[PDB]
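Scroll down for the structure; my scribbles are underneath it.
Only one protein chain is missing; all other protein chains are in place.
Per-chain numbering from 1; labels A, B and C assigned in written order.
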Amino acid sequence: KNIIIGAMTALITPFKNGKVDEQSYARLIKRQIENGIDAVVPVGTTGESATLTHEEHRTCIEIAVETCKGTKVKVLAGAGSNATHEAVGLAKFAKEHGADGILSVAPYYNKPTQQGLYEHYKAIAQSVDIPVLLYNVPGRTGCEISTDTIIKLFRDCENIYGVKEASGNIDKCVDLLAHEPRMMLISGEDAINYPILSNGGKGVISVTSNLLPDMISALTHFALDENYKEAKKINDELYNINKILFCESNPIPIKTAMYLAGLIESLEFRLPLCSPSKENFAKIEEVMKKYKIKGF
Amino acid sequence: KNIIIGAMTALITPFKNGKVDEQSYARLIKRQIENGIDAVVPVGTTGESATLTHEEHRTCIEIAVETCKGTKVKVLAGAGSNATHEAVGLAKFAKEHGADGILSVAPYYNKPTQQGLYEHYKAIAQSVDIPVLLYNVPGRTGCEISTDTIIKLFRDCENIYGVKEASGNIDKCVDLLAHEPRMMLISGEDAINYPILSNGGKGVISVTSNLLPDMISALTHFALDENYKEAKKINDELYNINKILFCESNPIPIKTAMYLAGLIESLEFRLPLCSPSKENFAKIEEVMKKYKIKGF
Amino acid sequence: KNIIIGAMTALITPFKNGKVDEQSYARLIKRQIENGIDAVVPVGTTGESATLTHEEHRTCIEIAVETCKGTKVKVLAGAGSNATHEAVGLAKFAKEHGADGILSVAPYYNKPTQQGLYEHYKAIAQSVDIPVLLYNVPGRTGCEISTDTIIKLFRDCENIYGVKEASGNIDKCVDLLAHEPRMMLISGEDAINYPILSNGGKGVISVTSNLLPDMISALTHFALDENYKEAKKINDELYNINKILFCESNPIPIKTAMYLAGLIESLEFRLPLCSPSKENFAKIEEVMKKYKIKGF
Partner (left out) sequence: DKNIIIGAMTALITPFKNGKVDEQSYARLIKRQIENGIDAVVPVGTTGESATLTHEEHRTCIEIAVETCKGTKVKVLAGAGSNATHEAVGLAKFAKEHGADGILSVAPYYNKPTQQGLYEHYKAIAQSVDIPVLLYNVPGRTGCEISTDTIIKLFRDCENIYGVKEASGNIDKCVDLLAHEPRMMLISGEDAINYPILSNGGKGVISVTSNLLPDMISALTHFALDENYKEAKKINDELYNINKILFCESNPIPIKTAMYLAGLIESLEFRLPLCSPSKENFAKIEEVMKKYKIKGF
């Protein structure tokens, strides 16, 4: 019943001259380790999994795996895809190269049925013997992993242990944990980190933690120790940055914040992702000032 | 800032031969008082505020005040309307007839602007000197009281002390209490009662409490005493009843349950409200059996 | 099946000193008569049906019926309400006082089921012997009259002859007219007047016609005579005014336009409706200069 919980980070993927900055990628992973982060998620939605080639996707799981060798920090590698043969491929690469588990996003664009989602995830789970965390973000995929399908996959496949929820649907998180209380519900939405943890959630996969890993790690651990008045206190402080980090489509605002804080050298994206508007740029710079950003 | 918080019930309005049954109305109020309920909300959305004549709206506030005289139970009278001159009339009647405060639903159908909503509520509050609780349910009104508008009304009109949220948006309730922590956030959605209380909410205006007032009252008091593990446990047990009470439009499922429990004489509505479907009738009867329904 | 179709206007209700300007009302309906309008709709959503008293609602049907006598222009009186006893009351007043038919909006706020909508409209239909036109606006009522419910009411009720659609759902209007081609589909959305008429719709109940009755009247008859390129050309010229007349909630922009054109003396609303933002005021005045506004 292997799980990966606690404070986790959906790592941004820095670019340098149109190639992956492998130097800076490892240097951002050591900033997360030294600020209380329990696990890192390479190549998620925040890692621009869509514009990376299969070798770049694979190269940044390997960099993640060795950058956390000799630490407690686990690697929950992003291995999702809208094609099952593609998702199994990323899952098999992650196991054979030392990953502690995989995050697998619901298939996007092709909108599979609930029966399709079941067989999609069942094929991935049986491909490996490492933990598998589901990932539901219907605003991005066009499809919903129903509560019944999540619970069925948790009960029918032995390495499927929970779901990364990014739904803004607190009703579904009461639904999930009331009918299946043994599952690990992970928040994928920074604004509601504390409410999800306060209802029995056991971790977060955060975007803000790229910028403020100490604050996000403190929030999760306070909540897991049932210290809910301090957990809510950090969640209230983080609301302004949590919402302005979505003024444009993630990960455009967070990479802007990392550039403004000097944590990445160049504000580079891969198309169709671009730098934000000049107005929103000013709004990112203004919200950052109310927080104390840790350096290297 | 005079407040009305705690476990509250949006009481159903029983009909007999298409006229308001005034004697069963009072007998449901000693069932609520006698099971730990802290306040009652006469003629809300659950009370069919839209289908009562102006005298029946007023007569059911009078019964609530009279039946709660000599007790600790307050009366937060429903006084909302989509016409401001109509809302001021009900608000001043509520004070002049002994109500401790008023609930005021956002104007429906006429979809006012944020400036209109500000002036709408600014006009009501200035009519009375008793607490005024806002009520935001955009799924039924077609308009939403913005987070800024709620906070502005809370800060500018002294008797306006909080809001009954039934938006199903936990992000908005972090938004409200992180920027204005002195406001009384009231849950208007039974399925997510505990998460709203766990984030600093100070009460509920419940539909489920019509049938199980002791459980809903226990949930709120557990949470207000910061016993979040027992509050969540009741919230998880109540999920099935909380959602099956909305398989059809409120208050059709709850009135069906009250009739099945022998607490009201007739499964009677006034059009356009009708008895539920044949199928949903069976679903209410089936979910009720897993709960212990307290009598008179 | 007696019908009321063609180019129709949802009349604005002018106020002076917080009262209904009854003589500016009659002179505004006669501006509509002399510009090709086939029927007038007193006290619709554009007429602020929500803030008028029940006697003021009745007074503006009387003015509408009286002004149209001796004309070929029909009066489709607004008689909808979220309470069936209120809608039947208005329906019987319209028949007994000379209206040619009634418009009845879907019940708002209390969200009846499809079974409730059937009994609601059937009770209204058996109330009178004049044509009854349904009115579907889900953005404001929170409920929708399904295609199946509309078709049943058309087939089961003699005087029920069609539906005013304001959903922005051209799929539903293909659904309606492909399965029941004998019904009169009326456009309730000015921007898509021509597409709805081009698919077999037989009229519009317009907001823009308050300001530009000649263009809406020309558009409808061009389309009804199957002159689709001239109907489409007028619909294309009117797009800019059709959409900016909803930059704020109707009838706030249209009353602003009527005031700017000197067709009403005071830009007065009844709360919670208010005058528009100062920006939208400037942008309405800006779009208006591209059209030739007919006087009295």
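Details
Here is the rule we use: contacts are C-beta pairs under 8 Å (C-beta built on N, C-alpha and C of every residue); 3 or more make two chains touch, one makes a residue touch a chain.
Only one residue in the set A:24, A:84, A:235 or A:256 touches the chain that does not appear here, and it is A:84. Looking at A:2, A:266 or A:277, the residue that reaches the missing chain in the full complex is A:277.
The hidden chain makes contact, of the residues A:2, A:23, A:249 or A:266, with A:249.
Considering the full assembly, C:170 is the residue among C:26, C:151 or C:170 that touches the omitted chain.
Considering the whole complex, the residue from C:235, C:250, C:256 or C:275 that touches the absent chain is C:235. For chain A, the residues touching the chain absent from view are 45, 48, 50-51, 82-85, 105, 107-113, 115-117, 119-120, 123, 139-142, 248-249, 252, 270-274, 276-277.
Counting the whole complex, the residues of chain C in touch with the unshown chain are 168-171, 174-175, 177-179, 181, 189, 191-192, 194-195, 198-200, 226, 228, 232, 235-237, 239, 243.
Definition applied: only the chains that are shown with their structure count from here on.
If touching chains are joined by edges, the resulting network of the protein chains shown is an open path.
The two copies, chain B and chain C, are related by a rotation of 180°, based on C-alpha atoms and rounded to the nearest 5. In this structure chain A contacts its sequence twin chain B using mostly the same residue numbers, the overlap exceeding half.
Between chain A and chain C, the centres computed from C-alpha atoms are 50 Å apart.
Distance between chain A and chain B, defined via averaged C-alpha coordinates, is recorded as 38 Å. The set of chain A residues that touch two or more partner chains is empty.
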